[PDB]
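Below is one structure, written out as structure tokens; comments come after it.
Omission of a single protein chain aside, the complex is shown with its protein chains in their original locations.
Chains: A, B, C, D and E, in written order; residue numbering restarts at 1 for each.
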Amino acid sequence: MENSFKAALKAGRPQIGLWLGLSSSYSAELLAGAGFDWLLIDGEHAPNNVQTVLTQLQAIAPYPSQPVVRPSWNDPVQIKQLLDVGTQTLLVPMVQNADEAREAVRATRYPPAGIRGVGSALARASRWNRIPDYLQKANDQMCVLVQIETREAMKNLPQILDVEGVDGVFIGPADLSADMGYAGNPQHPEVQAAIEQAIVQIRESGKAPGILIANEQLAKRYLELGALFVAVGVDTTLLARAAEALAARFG
Amino acid sequence: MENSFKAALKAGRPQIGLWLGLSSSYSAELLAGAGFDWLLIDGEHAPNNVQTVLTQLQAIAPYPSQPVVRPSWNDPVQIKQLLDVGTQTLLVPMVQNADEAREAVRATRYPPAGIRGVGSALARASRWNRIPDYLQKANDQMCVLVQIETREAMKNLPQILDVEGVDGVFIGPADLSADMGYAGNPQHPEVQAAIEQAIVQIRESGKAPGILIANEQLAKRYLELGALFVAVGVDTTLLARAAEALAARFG
Amino acid sequence: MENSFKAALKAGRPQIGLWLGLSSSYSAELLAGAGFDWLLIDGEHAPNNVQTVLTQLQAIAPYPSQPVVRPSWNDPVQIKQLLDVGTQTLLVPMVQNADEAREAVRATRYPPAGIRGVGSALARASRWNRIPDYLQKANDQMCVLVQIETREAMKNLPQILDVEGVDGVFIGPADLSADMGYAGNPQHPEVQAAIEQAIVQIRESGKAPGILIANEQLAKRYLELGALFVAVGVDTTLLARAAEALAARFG
Amino acid sequence: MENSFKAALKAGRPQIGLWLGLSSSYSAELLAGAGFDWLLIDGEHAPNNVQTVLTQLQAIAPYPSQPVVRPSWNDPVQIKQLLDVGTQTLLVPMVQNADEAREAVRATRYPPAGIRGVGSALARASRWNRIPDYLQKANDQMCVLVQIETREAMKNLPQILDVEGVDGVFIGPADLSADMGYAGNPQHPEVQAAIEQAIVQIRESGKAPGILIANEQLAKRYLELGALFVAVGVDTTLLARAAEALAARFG
Amino acid sequence: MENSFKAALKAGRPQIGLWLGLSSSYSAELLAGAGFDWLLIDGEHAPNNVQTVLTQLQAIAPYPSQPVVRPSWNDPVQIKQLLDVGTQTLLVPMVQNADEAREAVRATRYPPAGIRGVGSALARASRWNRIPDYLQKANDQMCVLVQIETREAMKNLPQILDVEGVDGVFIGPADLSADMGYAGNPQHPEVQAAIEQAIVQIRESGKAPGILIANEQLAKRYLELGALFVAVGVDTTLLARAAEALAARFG
Partner (left out) sequence: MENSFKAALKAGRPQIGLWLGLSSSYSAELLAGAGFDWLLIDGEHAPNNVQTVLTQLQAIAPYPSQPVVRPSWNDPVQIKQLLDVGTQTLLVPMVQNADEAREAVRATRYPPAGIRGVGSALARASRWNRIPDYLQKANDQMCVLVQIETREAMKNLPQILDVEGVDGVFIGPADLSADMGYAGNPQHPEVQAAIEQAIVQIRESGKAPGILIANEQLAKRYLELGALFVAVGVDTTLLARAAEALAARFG
């Protein structure tokens, strides 16, 4: 049950990802064989729940691509449920300060290091108690990634980076640009500057910078600055744009 | 993506509605062709979730009847998820004061006017970014209806009506009568008086009064007093009572 | 595991029924408490399969109303699957002659009386081998009802009535009227006479006549004539018509 | 309930299509807004059934793109069920001769023109008896497309083209090439000639030629030759190839 | 709608239970016929939600085994939703003090005794208003069981036992042992002592002690000390261990 995504980040190996919002175990398997290092199962902005996350994890399992799950918010109860169905890497939205980052971390760890509720007999996480000493091994294989999405979060970045258990910090350009006054449009120089400065700062602390960016030139720019988990497209977008282009070429 | 239900309320056109608690995209389509101005998809008192709301919205889409969705509570996270699958008109339960009404409104609006999280690439709401300038157009087509269900809420009605973005105020007779000490039985004169006084007061402020009432005489009475969104039946009730009556006529 | 619907037909007690086309375990429970003697789960003209039949049987189980299932056709494989999830009373469409009636009967019976495949360990039918001597008790509690829907079938009715195991014969006025050249108008005198004559002939043979008819006056006529399983309405119709009428009363 | 796809074929307007194998009502809606004239819901080679077809029809309904459904085979029972959930245009696989083409046609038509079973009260097809005179209007809006996939079928093409009710003939290059001894390589000259000759012959008979081809140059050739319903891509392929290419650009 | 599990506890009749984490209405029915007094539908540590709880309640209904439901946390909104689909006995996790116990109780009761929201027309709980005077009868048939899972909870046990409406107190050995510093391993003498002392103390107050324990010797020991609701196994464990043992016996 070693977390290979977590190990790759710690070793400074950049991980190229794809965002999954189609909310389907079928398309999830199809995309799990496409060659990405990681796949983001979005429980915040796509119609997913614990049950559909579970089936997407099952679909993805035999492939090399590693699953990352985003809960709808920094909720210890939801986090608990996602962990028990087998989630090991979390992308937690709207983390505003060090306290909230710490809460996210503690929600993924069994006491005394955290408040994770025990239910291994019932959980896919322990393979229903087949994994020996699961309760002792689980904490170390949890990978917690926190999203900074506001000016407030940006101010607090230094303290957030000081939180043990925070393995990565993800910058969401859409929410960030909106909070900065550019209505979801990240292209503006002020937004780009904040993003790139944060990436440098995150990597400087030894933690992993992450971002979602569909512009491939910007993706490489972010990678060059030291970003370690970079999602470079979204399944819904890839499908819609390719279908639209195709239709247009035939009038 | 113009909100026609919202426009109708603002123009003082009464909207006749049906409550949907069958939690099925199939019966939802069947009822969408029955001639109602609006349909209430109940996520509070029927076994619905974001996923089943989505399929009921899809079923209803091609019909003239306009969908309204009730979340299980005034939860910004749940509200966010419902909006992204395409919800534009919300009926928010247990709004007790102006602060809570304001929170409901802000949960439906992108910054700076609100705290709505951005995820349009993934969302049916923007038709996966097919709607041009979606982020700039969305706020104005959101219609927020708040429920007053207690004596406390009734005291605070004047302040609630002062909240910008509150387009309508819905009175729930069941909860209200229970809170007033008449165990869900709204017939009592004290309950009726509170209801009718509120309706007059709501309309006086230029906002839309709403109510659910299965008694058709009371429905017309409420309409006469200026109610603008009136649900006049419930799918489960219509089905159960008609089936029971039918069976009884054959012994 | 006694088939009470079968026993009632055999004792000449008329059974009043409702047709279920909403294909939902939820509305199925709601209607199971409405007071009908039987409920028809329609696998021919509603979007059902073995799986949704199963969930509707589970929903109905604790209520007095007895379930009857209609497969999409006289198919031994499908019949086998429906029996194993617990179906004891079948309504088989488009039975044209004695050979086809005999095939329907034999599909429901274990060898040597029939060709029903054995899989009791797996099946809800035996409550997973919890019912003692299930393999010996099963055959006698199967109730086979065959549909006559064409002039050819009407002609072969005497022979169909002579098939052992055919417990009842159901007349579908819609299909019959269509075959007679009056598509969708069973009202025509020639159709009503054929129906009346069939009902009398069936009852005189010592077997149960059945029919679906939404017109309550005709239903009572057929009951007067000796029909023993009479469905007097359809769930989709009850709901649609009640809803449309309600909407109309408010313009 | 007018069949606009059928009308377009009859008027000689070419229809550009996309194949749907993702078996999801969600991705179906996403693609329904992409600008295609028609969408093929594949019940033969994708994991669909009557139920998932229904939800995909509901998702597609409000969009301009017209749905076409392929049953798993030329099965009158399955065809009956697909029609009742609202299917008006069918693509029937493995039609080998005129008799089988005639059977396909008659499965879609009410007596006396066909053997379609009557169940309008229950069916989305008539919007639950809300469409007036449905039983009289239905036959004329059915559009039957038959697949020729073997040398035997090619030989019988003249006779198949003479069957009234066969509105179009579709050539499946994959199956045809396999039958001709070039499994999975329609590129071979002998195959292309057979395809071209069939298209010309179909169009000259006054009926619509159809084909699926992912190669955009060949698609344009077949259109040049007079093909009237041409699917130019497959959803699973578009998604898989776009995703794989994206991943490859980042190594 | 009498709560027989609740009555049995009040009468001091021990109830033997099985834990359900397979999250399936099918296996739930299979196990409902296995002879247990109660069944725990786990919404905290198994992938269940309100919808799947509903279908498991439907599956279990006709059997003697009584359903108990565990929500994911002490959430009044979730509790409301579970009650309306028909839940009457709740096992509430992580109850730390008398205030939290009181909140749990009040969430299950209609005003004035609680804050339960009224929606009986829509609810399976009232059988869609078929149960006469449901609103007046419901409160008394609610059975609230609270879990004590930490040292803090243990300190507060005396006050928790003083809370009216708390019918039972459940000790979770896994969480408790973890909080005490024995990583989910309850065997340690310190854990066992706390557990047995609590059981004696709970029963002394006239309330029901409960526990889950797969060790059958420990189960009888707890019963001897006065425990009244004792779950003696878990469906996932029973299945996994039996399958593993079987496979091993054949190499």
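Everything below uses one rule, namely that a residue touches a chain if its C-beta (ideal position, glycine included) is under 8 Å from a C-beta of that chain, and two chains touch if they have at least 3 such contacts.
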{"item": "Touching residue (missing chain; options D:113, D:214 or D:225)", "value": "D:214"}
{"item": "Of D:31, D:39 or D:46, the residue in touch with the unshown chain", "value": "D:46"}
{"item": "Residue, one of C:1, C:7, C:135 or C:193, that touches the chain absent here", "value": "C:135"}
{"item": "Touch with the omitted chain, as defined above, among D:35, D:67, D:76 or D:93", "value": "D:93"}
{"item": "Touching residues (missing chain, whole complex) on chain A", "value": "25-26, 29-30, 33, 54-55, 58-59, 61-62, 124, 127-128, 130"}
{"item": "Sites on chain D contacted by the missing partner chain, in the whole complex", "value": "19, 21, 42, 44-47, 49, 52, 72-73, 75, 93-94, 172, 174-175, 178-179, 181, 183-184, 214, 234, 236-237, 240"}
{"item": "Sites on chain E contacted by the missing partner chain, in the whole complex", "value": "16, 18, 22-24, 26-27, 30-31, 33-36, 47, 216, 219, 232-233, 235-236, 238-240, 242-244, 246-251"}
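Throughout what follows, only the chains that are shown with their structure count from here on.
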{"item": "Which of A-B and C-E has more C-beta contact pairs", "value": "A-B"}
{"item": "Chain A-chain E separation of Cα centroids, rounded to whole Å", "value": "35"}
{"item": "Chain centre separation in whole Å, for chain C relative to chain B (CA means)", "value": "41"}
{"item": "Overlap residues in chain B, where contacts from two or more other chains coincide", "value": "23, 26, 30, 33, 47, 49, 54, 128, 130, 236, 240"}
